[PDB]
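Only one chain is shown below, in structure tokens, and it's the form solved without this ligand.
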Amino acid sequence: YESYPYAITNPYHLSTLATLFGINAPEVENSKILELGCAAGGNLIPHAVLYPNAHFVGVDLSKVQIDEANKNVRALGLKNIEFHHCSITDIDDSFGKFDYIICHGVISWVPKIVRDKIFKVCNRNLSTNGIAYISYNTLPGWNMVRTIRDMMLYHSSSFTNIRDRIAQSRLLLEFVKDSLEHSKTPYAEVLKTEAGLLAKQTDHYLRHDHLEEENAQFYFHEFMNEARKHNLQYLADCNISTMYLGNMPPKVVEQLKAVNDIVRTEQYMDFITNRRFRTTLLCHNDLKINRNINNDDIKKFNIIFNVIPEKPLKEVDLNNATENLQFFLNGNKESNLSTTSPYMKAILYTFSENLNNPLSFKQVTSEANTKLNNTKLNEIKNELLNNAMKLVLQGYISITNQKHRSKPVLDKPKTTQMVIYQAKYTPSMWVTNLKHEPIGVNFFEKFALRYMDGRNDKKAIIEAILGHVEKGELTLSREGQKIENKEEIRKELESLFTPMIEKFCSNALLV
């Protein structure tokens, strides 16, 4: 029903990982992009809105979802995208070649013939420099999920009508919750959390025909074994940290470097980390991929490090070399990093004000230097060079081929075309930002987003929202209690406005 964008599937992200390993991926705004299992186009349509000079095709077996996708394209007036109701076996050489082929969460749930087809179009229908994305469930990690599925199916095999079998199975998962309320074994914990995740899902994935669906249960070496038959080569995983070695003893590392097989090492990692799923990038066997990543390769990319300092910049002296300042990652408490280095502090405060807006190497270093009285530039370049790629290969810093964006003008805030469309015309409570990520919005934010065309300032936006609370159509609660006072509503709207503009600026919702 709900068709989400997946930021990990963004073609610019695949292009970035291709550049990291030495492949020049086709330009994104010129490209031709295919999606297998498009499912109403929420993962495709936003790109089509962003890239008028690029072409998009998507394919799904559900007539309902394809009609929904066509309805969204028509409502949006997109001329560059088309959707097909067919199976993957219908794909032809008449479809042509694509620079990026996205296949997300499908290949595990389809028969061997359709998996053969998927591997065959990711080769036949892929450009020389193109990238193919395929995500799939993996062993050993999928064993627990399969166990729970067999467990719900066995418990519900008494009842024949699909309506009650779902719960049923909710009663099952809650009995797994109850009976383990006191248990010390690690297995009780694993099963408890897994049954919690399953308990939180809604009714679509809990149908007994979806539980009776058979998973391919790939090991990574078997997946790559089938990919190599079609002459597809392993590029990388879209979460780079999964490939990271060096949280491990330096001897074990030296042996993993001894063997040169990327797939064999990856498979060992899967065995000992209990890998349940993978997002794998494939490219033609003919490309020479370079796995030697220097600290200096960080200059090839624009850099995003999302950190919220605990102490505002105006309250600290960065030139203090004995003071430990901490910064929170995507959050937080549970993830934070501290430094006494004036240079690392300057760089981190530079990243903190640029949140989710790509910054080049020269921009980070220079902007950081202006905080240090512009005398430290070489020190700052050195600090970034020493820590940057290590923080990238661990997943803490994001590299991208995406360009730096001009700072949004905030007197009349302007959001993008896709989120104006979703906030005006869509029931969903999330919107799709410039990074191809879903970000949730409340009713006040969703109503506010309708009115940011670039011509409306703070007072006109708030006047429109006031229009909506008049019909109601909105309601405002400053406490568990709600405020209907005329003059109080206008105050609560003003108090809500500023942090909302901050939130939009940091989440890449503003142009």
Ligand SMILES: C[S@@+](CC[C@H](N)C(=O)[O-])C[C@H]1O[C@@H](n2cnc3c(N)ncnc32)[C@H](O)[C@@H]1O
Contents of the next structure:
There are 2 protein chains.
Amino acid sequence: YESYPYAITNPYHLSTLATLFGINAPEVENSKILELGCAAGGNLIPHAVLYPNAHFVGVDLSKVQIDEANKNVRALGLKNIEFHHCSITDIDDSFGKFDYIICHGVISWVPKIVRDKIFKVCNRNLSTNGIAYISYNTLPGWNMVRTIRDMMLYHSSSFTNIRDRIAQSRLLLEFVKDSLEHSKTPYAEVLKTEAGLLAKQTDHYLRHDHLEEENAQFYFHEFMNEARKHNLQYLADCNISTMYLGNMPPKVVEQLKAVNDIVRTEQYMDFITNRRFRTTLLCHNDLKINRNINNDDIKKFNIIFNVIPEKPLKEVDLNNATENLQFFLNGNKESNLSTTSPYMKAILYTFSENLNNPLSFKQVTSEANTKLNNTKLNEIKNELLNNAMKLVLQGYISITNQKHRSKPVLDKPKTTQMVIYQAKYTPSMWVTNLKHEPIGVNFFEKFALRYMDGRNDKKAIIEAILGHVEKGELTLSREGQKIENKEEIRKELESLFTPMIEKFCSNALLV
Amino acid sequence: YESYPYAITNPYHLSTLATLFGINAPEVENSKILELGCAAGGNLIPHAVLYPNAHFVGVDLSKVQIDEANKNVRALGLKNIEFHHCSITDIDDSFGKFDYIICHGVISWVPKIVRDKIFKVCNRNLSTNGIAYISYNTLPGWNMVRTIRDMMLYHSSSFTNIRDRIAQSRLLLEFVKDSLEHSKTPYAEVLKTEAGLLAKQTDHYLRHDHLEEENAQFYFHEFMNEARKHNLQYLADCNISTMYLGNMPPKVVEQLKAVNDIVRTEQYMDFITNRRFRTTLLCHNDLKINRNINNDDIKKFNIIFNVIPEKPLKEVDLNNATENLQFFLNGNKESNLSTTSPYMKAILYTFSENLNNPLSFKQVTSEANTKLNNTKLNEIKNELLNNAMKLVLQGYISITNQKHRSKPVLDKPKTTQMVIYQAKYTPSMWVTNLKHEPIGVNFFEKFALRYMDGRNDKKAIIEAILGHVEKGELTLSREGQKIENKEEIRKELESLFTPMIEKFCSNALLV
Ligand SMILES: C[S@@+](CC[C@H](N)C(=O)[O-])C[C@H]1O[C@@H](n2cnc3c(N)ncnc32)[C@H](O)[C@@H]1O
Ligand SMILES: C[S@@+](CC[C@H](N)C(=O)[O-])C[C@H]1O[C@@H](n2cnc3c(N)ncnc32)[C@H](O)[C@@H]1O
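In place of the form solved without this ligand, output the structure of the form solved in complex with this ligand.
Zooming out: every chain and molecule, the one shown earlier first.
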């Protein structure tokens, strides 16, 4: 019962993935967004703060949460969002026509009647050019998760209390990690890791009630068949890399490319890759979508490539073409790309100081062009054009319709309204950034964001945080777990401050 | 659509696992054996030839098969066996009470009503000390088989031909064996193998009607649940090694040993080992079974350990404890065991000349004591006593209630009546041995067995086969590639003869 944002749900990501396929979706700046199964609305409210001219509606069956959502909407003072306590089946054509309909993690947990109704409202209540989003669990991938859920019910059947039946399942998952300690068999690998990721989870799914729930257990084509019954058509997935073919032998790529149905192509890919989950984008049946995508399409979007250089800029010469420089993707150990070309090296160093900041094609191109003394522009353009889209379809590069943001002022840092409201008034250990992603903080950053407005500067902010450490409410961790009253504060804050402002500036927490 | 014997179904194997657990099952020599879903009865008739004083009944729904069964029963002239074309549902209480009821690979393919009936007839028609056998596909193991079968139907629907849609799925399993050519991922392993053993299967399993069939998809505890409704109790599995614990951390063995339930012990092992199949032995609820098994219980049975030494006896000294001798189990490279102990060396060299010939504890012990110069009797006994049961519950050693057989006479070898009928009048490349196992023969072996009666000897048998090669009907080629004159044969017959009499003598094909 903690409401998280899901960045894959952002209406801007749907407008972008549509724009990539040829549909012009409504503008998000002023739109109608619907959320089926909202509450507590952490996937809705942060949008209503950033877009005051759009209209947000949300629907849920738990009154407990719909009241909490309204408790936050009342604290932030928003007029553009309203939450309704009712069921999806209660939505007629009078609700209006929405530009983006977001259904996340519900349609597989509800009875067939509610399913048919969701498929209806994604037709009756969807605009002419609008877009619908539905996430669900698929087969075969879910076969393992179902199995574990059965293995826990069969065990936890010997215990009754809701306080006894949970830690029990948590002890059965440990018992599984013990009996499989020494196993070569390739199956005990999947079971070992899936019980490790289920054991890491907390108490919500693990309640023996949620384990009794039956899942729609879709196959992608059964889902699409119920979708075409309602005159909807498959747009794309929200992870474009899941649609990536090849990374596959070329005779099979040719075969699949021969068949002209994308649905039984994605089905096959589901069968051979053991897909367990899908985030599907649906659009009205009357739209003509274009699947011929070429490198030159990279100019229609703004680009985000989060790469951390392996050596600082002033420490290298880009024209050294024998030097093989490598960059790490949001991280890292391994997960890296190495280039020896001066133009690709100039582009990645531009992407490495713009982290999580959309950049147009002329901004990436011109800003990489001044590291090369303004002479090499056409060679920069020619490498971006060539490798770009190819890297967008593999997932490494993110495209967006969101505009570039002005580099923040770090004199007196200033964060967004949503994260000051989450830092001051909220028990949660994470905040929502401008990209609609939850990012973690440890009580120090949270307290810092409490005081980060365009007013308090470095000194003032630290003295306030210190104010918290006295009444604390505030520990000092390090290596560590000790604080000496004076020598472990105000000399330990000035250390952690600069890099934390780094993390904020590069994670889109500063406006 | 070829009738095969299943050695794991032999009433003597059930009488043996029962004896092992404390139940005295009826004599197999004269009993009442039932088979649900028998025809064409290749799993029944070979028993009716060896036990003329026992009564065999079988039931099947295919007249096409019951006609063949009845024709083979007519060709052998058997009065002790009768086949009925009817349904399991057509069974009265008037059918009698059978000492062994054998249901192999049906209960998962039949509607819930027929399942109810099978569990019923395994109660009302089973004797007081009798035993029932039911094999079925289980979960989780079957999930993969379900996936693949769905993967074929969804594919093969684009054409409706019973002759097209088959070689179609045959080419889809190839499209699967290709697109996974280079893959590390362990799921592509499971899928790689499961499509490989499915493509090796031929034209029947793939019939696309039998892909349309739905499986009961049992869990062991759901099966034991329908068994206890009918007052049946779990006896054991016909693969004793599947009930073996550890191979498992001793804390996990202790934990399972704490809860006393055999059903949820086998259920948890089914969960962690991904059990796909079960051959279950059921017995009446009123019986007291003993699960305490001690090393010295190996004296109640007769022993078969098929080991092929790596060195001839005359080539080694058993008394040398510095020599590490290696033995191969039914084969082989790979599966083998090496021992340096002189007593285990005398026991394994005693089991290696008795292959597939049950041997009592005093025969193994007395014959292994004469290899050590008759000084070691109590040391041989104590090593058999110790390692025996431990190796029986692991699968390496076979126990049986069947008696030792008199060493056959190789002057004029004489094979059993069942394989003479199969050699002469059946176009099968395999015959059924005395242990009820199908064993292959190649065109030479078949022709040889045609003439093996207690009359024809070496020269005569060879002249007969030579006669065949003249009219042949028999192509004899060395590699070689077309021997073939006159005494380049009869010199190839005296060659192929001796190793074949060895092969027959140790496969229980010679009486
Ligand atoms: C299965 S939960 C998933 C919650 C959330 N989207 C997530 O995973 O983070 C679905 C949410 O939908 C709401 N819900 C369930 N059934 C509904 C229905 N029939 N009509 C409207 N809302 C419903 C519930 O309050 C529940 O919190
Ligand atoms: C899987 S095959 C049986 C295999 C069995 N393990 C054997 O080979 O001895 C299923 C056979 O069972 C028979 N059968 C199917 N349904 C039956 C029913 N309801 N009653 C009796 N026999 C049935 C059919 O004749 C079919 O040939």
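By rigid core we mean the largest C-alpha set that fits within 1.5 Å across both forms. Positions refer to the first chain, counted from 1.
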| property | result |
| --- | --- |
| Sole residue of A188, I162, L287, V263 shifting 2 angstroms or more in CA between the two forms, core aligned | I162 |
| Displaced residue check between the two forms: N53, CA, 2 Å or over, core reference | no |
| Threshold 2 Å Cα movement between the two forms for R478, core superposed | yes |
| Per-residue Cα shift, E488, between the two forms [Å; core superposed] | 4.2 |
